[PDB]
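As structure tokens, one chain now follows by itself in the form solved without this ligand.
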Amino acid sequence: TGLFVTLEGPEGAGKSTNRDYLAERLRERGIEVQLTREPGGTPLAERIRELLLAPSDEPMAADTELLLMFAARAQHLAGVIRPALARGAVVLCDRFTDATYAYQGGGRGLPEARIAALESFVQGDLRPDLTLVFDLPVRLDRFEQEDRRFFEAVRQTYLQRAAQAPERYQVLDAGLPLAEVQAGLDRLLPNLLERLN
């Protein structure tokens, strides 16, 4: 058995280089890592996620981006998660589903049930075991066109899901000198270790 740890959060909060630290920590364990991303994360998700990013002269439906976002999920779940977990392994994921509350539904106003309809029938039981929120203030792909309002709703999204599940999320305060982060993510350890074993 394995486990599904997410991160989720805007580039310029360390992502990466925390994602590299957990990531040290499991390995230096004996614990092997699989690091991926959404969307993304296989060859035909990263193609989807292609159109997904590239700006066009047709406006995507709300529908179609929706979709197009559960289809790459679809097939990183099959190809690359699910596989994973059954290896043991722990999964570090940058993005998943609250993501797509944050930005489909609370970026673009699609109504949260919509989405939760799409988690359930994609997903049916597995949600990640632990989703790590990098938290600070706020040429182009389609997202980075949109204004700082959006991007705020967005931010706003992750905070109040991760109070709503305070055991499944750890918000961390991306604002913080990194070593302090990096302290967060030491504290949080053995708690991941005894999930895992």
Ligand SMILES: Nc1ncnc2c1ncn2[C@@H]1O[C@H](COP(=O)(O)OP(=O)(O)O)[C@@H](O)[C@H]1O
The other form holds:
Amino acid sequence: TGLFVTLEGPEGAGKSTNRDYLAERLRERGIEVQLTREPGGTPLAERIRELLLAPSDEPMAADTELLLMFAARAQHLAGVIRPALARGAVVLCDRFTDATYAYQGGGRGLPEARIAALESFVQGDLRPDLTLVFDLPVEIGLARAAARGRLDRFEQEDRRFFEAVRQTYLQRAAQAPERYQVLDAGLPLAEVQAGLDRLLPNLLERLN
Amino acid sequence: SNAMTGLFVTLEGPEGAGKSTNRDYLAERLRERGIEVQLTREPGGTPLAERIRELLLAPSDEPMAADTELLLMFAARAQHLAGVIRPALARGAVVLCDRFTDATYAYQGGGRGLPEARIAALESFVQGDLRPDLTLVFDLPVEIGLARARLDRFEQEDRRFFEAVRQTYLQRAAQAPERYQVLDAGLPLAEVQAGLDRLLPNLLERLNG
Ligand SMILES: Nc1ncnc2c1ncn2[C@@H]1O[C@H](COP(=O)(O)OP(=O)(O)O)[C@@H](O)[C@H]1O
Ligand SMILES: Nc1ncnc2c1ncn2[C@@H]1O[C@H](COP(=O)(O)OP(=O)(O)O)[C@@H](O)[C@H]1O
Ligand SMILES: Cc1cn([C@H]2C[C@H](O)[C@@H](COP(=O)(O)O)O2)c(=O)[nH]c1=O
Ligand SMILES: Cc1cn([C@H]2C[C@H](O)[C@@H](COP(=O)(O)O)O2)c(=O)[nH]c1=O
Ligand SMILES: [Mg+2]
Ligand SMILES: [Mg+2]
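Follow the form solved without this ligand with the form deposited with this ligand bound, if you could.
Full assembly next; the chain just shown is listed first.
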């Protein structure tokens, strides 16, 4: 009886920031909210995250990257997301399978059909009830993120990779607007959050 | 490098059957004949695949979902295939691989109860049409193997789990006998190894063919 909401977008778009904003808006209204993120969300899934992000002189096969992302997702679904939904909680999840389509499909060039096969394999028919896409020019997000220290495997990638990621998110949202809301994350944060405030009534609608 | 066909041999069987011992025995016999061998094992075989092995085998208070276990096994396999197995086959090596996808059917299918069709789907997903040229099944009563063998996640399972493992290997071998050889791993090691000596000419025939 819960509601599954995911947050998506390029690096530095404001996913993590706005996850916490939405959580407070919901919690102050007396709603139980479970916050989580991918890859990760459980101790084992966090170990898989570490493998996915750590640079190595050994190149990771694209299939390995895809399978690890879905292995972490399977564990996270079983351990956190499904139990929260069964409790009737709102789950706010920072990244989910749209990120796999964007990064592994758009970025890595893996066929959409292969990603879809694993989506069905891991999730069955489970999909987010609502996905918020925080869209902006990738360089603006990269500048906000201001990566410091050793870059992780995805931070190592070039602009073409991240542009493909961005465009894949937009393409997927355009094909199923009933499930997606695209926010202009290039707006000042106060304006992005006003946009979120305006979606609140509907979110509650889907929820109840 | 050299561009000739190699041979993909896998070794399978219940816990303590003698897979690892006999992989090394075969390696020594082939190297005595001056044949290039690539030794490897699963899950593992590359730095990343070995980190995945660590997650698969280490006990934890957090239950690992069966789907997670299956996907991790195949993620390690994808990396291993790309990094070690395919290149070895392309340069004409005999790959001697301690466990491969038959173990997935046996442990994740027989043991865990995951549907065979789901494992088959991932097999095709990860391997395309690639299968071992020869799979050696070291078969014996599970209690004998266990009495040979701190325990990892799989070693902690019960006897019915291990019987399912054993029987799954035998079933798969019976269905595709052109690809499998079942050895009686309950014999003394020297007799198991005499059996391996006896099959070496056929192994070499597959390598040359
Ligand atoms: N609309 C915005 N305008 C200006 N700065 C923002 C905006 N959204 C987020 N930021 C800032 O950008 C940085 C990255 O935000 P973050 O939520 O970590 O992004 P993500 O999780 O999408 O990578 C943070 O310092 C955050 O305060
Ligand atoms: N046929 C055999 N008879 C007696 N002992 C054996 C035999 N095969 C292996 N062993 C011993 O049993 C133990 C497990 O062998 P190992 O090769 O590690 O098995 P596996 O890799 O199949 O678990 C080792 O101590 C090994 O020397
Ligand atoms: C969830 C998910 C994340 N990723 C990447 C996006 C990010 O670069 C990284 C996670 O970083 P993040 O926690 O800051 O969002 O993992 C994928 O490539 N595929 C996926 O399915
Ligand atoms: C290769 C593989 C191994 N396993 C298990 C069998 C063993 O208990 C364990 C590997 O340990 P081992 O080195 O002794 O063979 O992994 C699976 O469950 N599925 C697989 O696909
Ligand atoms: Mg973030
Ligand atoms: Mg062994």
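Here, rigid core means the biggest group of C-alpha atoms that superpose within 1.5 Å across both forms. Residue numbers count along the first chain shown, from 1.
- With a cut-off of 2 Å and the rigid core superposed, residue 175 has a Cα displacement that falls short of the cut-off between the two forms.
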